[PDB]
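**Student:** In case you want the letters, here they are:
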Amino acid sequence: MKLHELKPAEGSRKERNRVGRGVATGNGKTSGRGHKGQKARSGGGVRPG
Amino acid sequence: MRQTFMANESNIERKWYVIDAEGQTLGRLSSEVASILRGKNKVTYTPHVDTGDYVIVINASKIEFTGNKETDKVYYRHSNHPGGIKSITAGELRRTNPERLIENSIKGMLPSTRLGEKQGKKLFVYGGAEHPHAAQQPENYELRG
Amino acid sequence: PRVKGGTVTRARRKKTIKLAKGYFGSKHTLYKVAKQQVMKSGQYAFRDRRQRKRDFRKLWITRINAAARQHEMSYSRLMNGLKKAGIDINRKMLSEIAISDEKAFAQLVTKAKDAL
Amino acid sequence: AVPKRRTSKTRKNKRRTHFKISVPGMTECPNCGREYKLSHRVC
Amino acid sequence: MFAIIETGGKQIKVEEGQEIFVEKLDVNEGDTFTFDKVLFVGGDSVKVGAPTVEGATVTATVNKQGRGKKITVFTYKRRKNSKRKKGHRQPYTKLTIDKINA
Amino acid sequence: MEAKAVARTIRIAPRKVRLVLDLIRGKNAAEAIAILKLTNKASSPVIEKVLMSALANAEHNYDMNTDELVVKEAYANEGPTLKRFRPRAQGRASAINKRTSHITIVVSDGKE
RNA sequence: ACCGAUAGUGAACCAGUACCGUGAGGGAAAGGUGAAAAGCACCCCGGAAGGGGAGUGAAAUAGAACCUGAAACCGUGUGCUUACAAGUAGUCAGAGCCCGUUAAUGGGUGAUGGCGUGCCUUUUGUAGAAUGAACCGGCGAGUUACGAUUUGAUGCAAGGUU
RNA sequence: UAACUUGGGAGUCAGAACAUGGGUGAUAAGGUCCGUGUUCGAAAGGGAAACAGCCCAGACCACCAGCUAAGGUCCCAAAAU
RNA sequence: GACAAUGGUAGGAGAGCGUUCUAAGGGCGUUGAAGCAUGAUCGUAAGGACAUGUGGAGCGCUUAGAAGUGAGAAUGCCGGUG
Ligand SMILES: [Mg+2]
Ligand SMILES: [Mg+2]
Ligand SMILES: [Mg+2]
Ligand SMILES: [Mg+2]
Ligand SMILES: [Mg+2]
Ligand SMILES: [Mg+2]
Ligand SMILES: [Mg+2]
Ligand SMILES: [Mg+2]
Ligand SMILES: [Mg+2]
Ligand SMILES: [Mg+2]
Ligand SMILES: [Mg+2]
Ligand SMILES: [Mg+2]
Ligand SMILES: [Mg+2]
Ligand SMILES: [Mg+2]
Ligand SMILES: [Mg+2]
Ligand SMILES: [Mg+2]
Ligand SMILES: [Mg+2]
Ligand SMILES: [Mn+2]
Ligand SMILES: [Mn+2]
Ligand SMILES: [Mn+2]
Ligand SMILES: [Mn+2]
Ligand SMILES: [Mn+2]
Ligand SMILES: [Mn+2]
Ligand SMILES: [Mn+2]
Ligand SMILES: [Mn+2]
Ligand SMILES: [Mn+2]
Ligand SMILES: [Mn+2]
Ligand SMILES: [Mn+2]
Ligand SMILES: [Mn+2]
Ligand SMILES: [Mn+2]
Ligand SMILES: [Mn+2]
Ligand SMILES: [Mn+2]
Ligand SMILES: [Mn+2]
Ligand SMILES: [Mn+2]
Ligand SMILES: [Mn+2]
Ligand SMILES: [Mn+2]
Ligand SMILES: [Mn+2]
Ligand SMILES: [Mn+2]
Ligand SMILES: [Mn+2]
Ligand SMILES: [Mn+2]
Ligand SMILES: [Mn+2]
Ligand SMILES: [Mn+2]
Ligand SMILES: [Mn+2]
Ligand SMILES: [Mn+2]
Ligand SMILES: [Mn+2]
Ligand SMILES: [Mn+2]
Ligand SMILES: [Mn+2]
Ligand SMILES: [Mn+2]
Ligand SMILES: [Mn+2]
Ligand SMILES: [Mn+2]
Ligand SMILES: [Mn+2]
Ligand SMILES: [Mn+2]
Ligand SMILES: [Mn+2]
Ligand SMILES: [Mn+2]
Ligand SMILES: [Mn+2]
Ligand SMILES: [Mn+2]
Ligand SMILES: [Mn+2]
Ligand SMILES: [Mn+2]
Ligand SMILES: [Mn+2]
Ligand SMILES: [Mn+2]
Ligand SMILES: [Mn+2]
Ligand SMILES: [Mn+2]
Ligand SMILES: [Mn+2]
Ligand SMILES: [Mn+2]
Ligand SMILES: [Mn+2]
Ligand SMILES: [Mn+2]
Ligand SMILES: [Mn+2]
Ligand SMILES: [Mn+2]
Ligand SMILES: [Mn+2]
Ligand SMILES: [Mn+2]
Ligand SMILES: [Mn+2]
Ligand SMILES: [Mn+2]
Ligand SMILES: [Mn+2]
Ligand SMILES: [Mn+2]
Ligand SMILES: [Mn+2]
Ligand SMILES: [Mn+2]
Ligand SMILES: [Mn+2]
Ligand SMILES: [Mn+2]
Ligand SMILES: [Mn+2]
Ligand SMILES: [Mn+2]
Ligand SMILES: [Mn+2]
Ligand SMILES: [Mn+2]
Ligand SMILES: [Mn+2]
Ligand SMILES: [Mn+2]
Ligand SMILES: [Mn+2]
Numbered sequence: 001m002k003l004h005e006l007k008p009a010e011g012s013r014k015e016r017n018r019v020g021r022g023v024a025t026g027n028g029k030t031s032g033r034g035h036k037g038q039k040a041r042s043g044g045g046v047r048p049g
Numbered sequence: 001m002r003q004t005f006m007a008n009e010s011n012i013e014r015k016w017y018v019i020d021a022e023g024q025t026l027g028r029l030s031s032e033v034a035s036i037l038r039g040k041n042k043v044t045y046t047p048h049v050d051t052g053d054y055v056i057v058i059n060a061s062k063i064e065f066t067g068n069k070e071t072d073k074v075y076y077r078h079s080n081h082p083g084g085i086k087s088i089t090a091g092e093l094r095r096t097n098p099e100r101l102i103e104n105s106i107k108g109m110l111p112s113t114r115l116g117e118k119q120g121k122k123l124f125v126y127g128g129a130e131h132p133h134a135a136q137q138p139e140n141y142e143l144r145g
Numbered sequence: 002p003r004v005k006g007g008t009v010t011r012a013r014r015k016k017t018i019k020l021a022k023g024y025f026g027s028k029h030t031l032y033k034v035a036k037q038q039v040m041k042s043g044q045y046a047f048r049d050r051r052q053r054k055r056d057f058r059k060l061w062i063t064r065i066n067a068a069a070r071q072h073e074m075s076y077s078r079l080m081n082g083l084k085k086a087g088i089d090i091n092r093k094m095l096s097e098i099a100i101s102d103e104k105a106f107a108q109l110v111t112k113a114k115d116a117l
Numbered sequence: 002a003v004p005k006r007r008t009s010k011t012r013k014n015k016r017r018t019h020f021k022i023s024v025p026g027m028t029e030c031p032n033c034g035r036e037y038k039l040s041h042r043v044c
Numbered sequence: 001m002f003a004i005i006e007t008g009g010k011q012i013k014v015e016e017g018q019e020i021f022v023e024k025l026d027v028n029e030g031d032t033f034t035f036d037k038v039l040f041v042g043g044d045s046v047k048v049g050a051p052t053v054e055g056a057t058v059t060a061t062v063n064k065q066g067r068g069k070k071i072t073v074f075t076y077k078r079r080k081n082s083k084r085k086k087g088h089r090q091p092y093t094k095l096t097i098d099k100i101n102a
Numbered sequence: 001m002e003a004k005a006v007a008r009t010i011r012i013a014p015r016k017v018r019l020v021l022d023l024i025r026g027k028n029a030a031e032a033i034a035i036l037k038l039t040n041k042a043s044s045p046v047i048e049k050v051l052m053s054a055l056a057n058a059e060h061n062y063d064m065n066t067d068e069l070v071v072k073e074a075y076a077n078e079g080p081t082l083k084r085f086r087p088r089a090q091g092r093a094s095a096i097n098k099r100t101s102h103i104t105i106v107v108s109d110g111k112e
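Chains as they are written, first to last, in UniProt numbering: chain A, 1 to 49; chain B, 1 to 145; chain C, 2 to 117; chain D, 2 to 44; chain E, 1 to 102; chain F, 1 to 112.
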């Protein structure tokens, strides 16, 4: 490669998904609704009731 | 939006016609006259302008009914004052100012719009057999239907 | 590296607001109001194209009905008569003939009364 | 009681159309060369 | 002396000598297209076809092969979170007629 | 050609000055000084001193005769407001805007 | 591969200061003329303020509250338009009048017709008389570190790795 | 023309009406609780004046082209005096 | 070339637009940068140019890297103005 013409190997490295950046992203509630999509987000680690 | 005709004020003409209400039922004579007034009879009809010709109604007094109209057909109206409703007339509006019984009965078939309001101004109803407007030189029109 | 918000936003809004050039009062200056008004404007536009098809068709129909009532004949009968005559002209055309050439239209009509 | 909606620009100015003041009724002082209100002193 | 050709999805009334527009014809600009589906013809003598008056082409030069004004297609659902914008420019063909029935 | 003068940051708030100018605007200059001298509002003496100045520049910097001069325009524009307050009931204090007016005026000849 | 005056220290300015509290304590705002001060001699209206000429300057339509100078908001001028009309304000259809472009099946306005109860949020369901927003601007919310797992990519491979 | 297996990621756990088989209620409820079907939710379009849940029918985009569905065809209002 | 499929909330998947910084390459700029304003401009969208006016000194483009990367709503915070 000539350095100003770098190319990452095909199939390596996809763009990270930024949630919460507008609606047509499909992610504007971010994810979930009204439960423990709360910021504590406590699934308790590994338990039911 | 390409190719269909639309009629201008530059490109339009309204004839005058006279009509003998005598022997005619209210509703039928009415709807036909409305069709005349709205211009839906010329093929140069176009909705957004008045393509309608003028109508003069004659011998209005002699208009017909059926059933128990004259008695059972109340014409209510309300004065926008409390208890101000006034039925105070039946089909016997024909007996007293039938020019209005006919005028309102036809006007009631024209649209609420200001255009269909201005087309209602092209009507001229008279209970008597002779009319003022001979100066416009109307042609007689036989009701079809 | 901190990224300032400059340009981009205000430009997006000036585009939106420019779309609202026709609008009354604040609908032509405030971004939000103009934005809502423009969205609704677009929805109206879409349905209104799909509508405008209808409106024009019904107009040609009524013109024809008029033109054939002139020849002592029902629109229903006129068109059924053409269809059984094998004539396949569109209504916009028939209204236009009825306005630009009375003779040819009458000729079509007498053609239509045949095969009945 | 408080307004339920804000007054429009166009509205507010339609209301203001009767808010001018009168051009004074003004006779010219003879020979003194100034000017003054009608039926007032010539100063 | 007008006449009626079935040319796009639809029918067209052309006075001969007249600029007209239609859906794209995939014909080279300046070359002369000849519409074969003629339905009717006006004037002093009036041929009126079944479908298609037999024979009788209408001829025209091709003028332009442009695309029309963009119209943005925007729509949305209220409250529920969705909207959709798409641009659109329908292609056309301007042609001017010469010698109807020729 | 057609001379002007301006009074920046006049203490009177613009709505008021506009009430006077609107009488003044467009009239012949002489008439205007009269009307100005006879109206009873604060803006009247202010606008007076301004129209006088404008006539001065017009005679002096442009050699035109004063008599044929006409008030081509006059107008007041928002100028920065001094911001104060008055104390009110129960310890709240509410704002007062003492706003100001820039008063321009322009006199005239013909097109040339 | 940190900030660039709402950022970065609370503090780029005589900041723990104005200001508040009895006190402990709490705690702001506020940077930019120009290359050079050359900071408008002089005349003019004015009590001054301010201003028009005359001038310095590349520029003062860079003049001190001074680079650029957006939007809200206030005004002057007007081309088209409006005083029989029931308006979520637009859209589709369309005369009339006026204009002339990033030249294209042009721009402004709009008599009249058809259609049409904003947006969020929350909801079984909101034109909703359920919630939020006076307007405009700036700022304002899935990050990083370290483990775990899985996918893709690459190097080797009964070996791989520090 | 699907199914199932295994692995990464989910949201959901307030439902509503109409038909229909039933329990509770009063063969009361725009009632409540279950079975079945559809539609809404998450579905615009046409019809039912208007009218999420009814009837017709599922909108990639453009047209001033035709046929039809429910429902309609004297005037408002397209089409049968 | 025919032939199909393309309503959609929670949500899954995919492909992209634009912001600032960096690397390298190739450029533009006092004969006028960015920014701001005006326009009938091009693209399927985010969005990209172009001319004129303003401004008076810094900017793009190509490829790849990395992000304090995108606002209309929080009785949001500060400023201005109704
Ligand atoms: Mg033509
Ligand atoms: Mg009483
Ligand atoms: Mg009488
Ligand atoms: Mg317009
Ligand atoms: Mg939009
Ligand atoms: Mg004072
Ligand atoms: Mg207090
Ligand atoms: Mg205390
Ligand atoms: Mg791994
Ligand atoms: Mg539960
Ligand atoms: Mg269910
Ligand atoms: Mg039951
Ligand atoms: Mg239940
Ligand atoms: Mg019937
Ligand atoms: Mg019969
Ligand atoms: Mg850019
Ligand atoms: Mg450039
Ligand atoms: Mn992505
Ligand atoms: Mn989604
Ligand atoms: Mn819930
Ligand atoms: Mn929520
Ligand atoms: Mn949940
Ligand atoms: Mn979460
Ligand atoms: Mn927390
Ligand atoms: Mn009583
Ligand atoms: Mn109607
Ligand atoms: Mn009404
Ligand atoms: Mn920076
Ligand atoms: Mn921002
Ligand atoms: Mn008949
Ligand atoms: Mn006023
Ligand atoms: Mn006190
Ligand atoms: Mn700054
Ligand atoms: Mn103290
Ligand atoms: Mn300096
Ligand atoms: Mn002096
Ligand atoms: Mn001085
Ligand atoms: Mn000089
Ligand atoms: Mn300032
Ligand atoms: Mn500088
Ligand atoms: Mn400045
Ligand atoms: Mn401005
Ligand atoms: Mn104006
Ligand atoms: Mn009027
Ligand atoms: Mn009246
Ligand atoms: Mn109503
Ligand atoms: Mn139009
Ligand atoms: Mn026009
Ligand atoms: Mn309506
Ligand atoms: Mn949102
Ligand atoms: Mn209300
Ligand atoms: Mn609540
Ligand atoms: Mn807010
Ligand atoms: Mn509120
Ligand atoms: Mn506030
Ligand atoms: Mn990382
Ligand atoms: Mn592998
Ligand atoms: Mn799974
Ligand atoms: Mn359960
Ligand atoms: Mn449940
Ligand atoms: Mn039951
Ligand atoms: Mn009983
Ligand atoms: Mn029940
Ligand atoms: Mn129930
Ligand atoms: Mn319930
Ligand atoms: Mn059920
Ligand atoms: Mn829901
Ligand atoms: Mn539906
Ligand atoms: Mn479904
Ligand atoms: Mn419906
Ligand atoms: Mn009903
Ligand atoms: Mn309906
Ligand atoms: Mn719905
Ligand atoms: Mn049919
Ligand atoms: Mn049927
Ligand atoms: Mn009809
Ligand atoms: Mn889809
Ligand atoms: Mn579909
Ligand atoms: Mn995803
Ligand atoms: Mn930059
Ligand atoms: Mn632009
Ligand atoms: Mn460049
Ligand atoms: Mn951010
Ligand atoms: Mn805001
Ligand atoms: Mn504030």
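Honestly, I wouldn't trust all of these hints.
Unchecked claim - Every beta carbon over 10 Å from chain E, so not counted as near; a handful from chain C, in silico: (1) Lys5; (2) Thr8; (3) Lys15; (4) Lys28; (5) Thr30; (6) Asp56; (7) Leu60; (8) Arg78; (9) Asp89; (10) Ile90; (11) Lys93; (12) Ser101; (13) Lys104; (14) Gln108; (15) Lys112.
As the list claims (entries may be wrong) - With a cut-off of at most 35 Å between alpha-carbon atoms, the simulated DSBU-like pairs for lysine-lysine come out as follows: (16) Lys41/C x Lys24/E; (17) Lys4/F x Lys15/D; (18) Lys4/F x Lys111/F; (19) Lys5/C x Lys54/C; (20) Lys83/E x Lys84/C; (21) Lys36/C x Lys47/E; (22) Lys104/C x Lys83/E; (23) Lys16/F x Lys38/D; (24) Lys22/C x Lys36/C; (25) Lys5/C x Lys2/A; (26) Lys15/B x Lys86/B; (27) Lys15/C x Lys28/C; (28) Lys10/E x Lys85/C; (29) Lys84/C x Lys29/A.
The hints are simulated quantities; they were obtained by calculation from the structure and are not laboratory data.
The beta carbon of each residue, even a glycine, is placed where N, CA and C say it ideally should be.
**Student:** With reference to the structure, classify each hint as holding or not holding.
**Tutor:** Evaluated hints:
| no. | hint | in the structure |
| --- | --- | --- |
| 1 | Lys5 | 27 Å, holds |
| 2 | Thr8 | 22 Å, holds |
| 3 | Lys15 | 17 Å, holds |
| 4 | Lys28 | 17 Å, holds |
| 5 | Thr30 | 21 Å, holds |
| 6 | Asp56 | 17 Å, holds |
| 7 | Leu60 | 16 Å, holds |
| 8 | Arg78 | 18 Å, holds |
| 9 | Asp89 | 5 Å, violated |
| 10 | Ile90 | 6 Å, violated |
| 11 | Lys93 | 7 Å, violated |
| 12 | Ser101 | 7 Å, violated |
| 13 | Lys104 | 7 Å, violated |
| 14 | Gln108 | 6 Å, violated |
| 15 | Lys112 | 6 Å, violated |
| 16 | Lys41/C x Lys24/E | 32 Å, holds |
| 17 | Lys4/F x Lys15/D | 31 Å, holds |
| 18 | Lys4/F x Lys111/F | 15 Å, holds |
| 19 | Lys5/C x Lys54/C | 48 Å, violated |
| 20 | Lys83/E x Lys84/C | 44 Å, violated |
| 21 | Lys36/C x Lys47/E | 56 Å, violated |
| 22 | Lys104/C x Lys83/E | 53 Å, violated |
| 23 | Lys16/F x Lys38/D | 22 Å, holds |
| 24 | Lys22/C x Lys36/C | 12 Å, holds |
| 25 | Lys5/C x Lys2/A | 33 Å, holds |
| 26 | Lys15/B x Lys86/B | 38 Å, violated |
| 27 | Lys15/C x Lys28/C | 13 Å, holds |
| 28 | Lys10/E x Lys85/C | 21 Å, holds |
| 29 | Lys84/C x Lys29/A | 58 Å, violated |
In the structure shown, a violation is registered for the earlier hints numbered 9, 10, 11, 12, 13, 14, 15, 19, 20, 21, 22, 26, 29, in ascending order.
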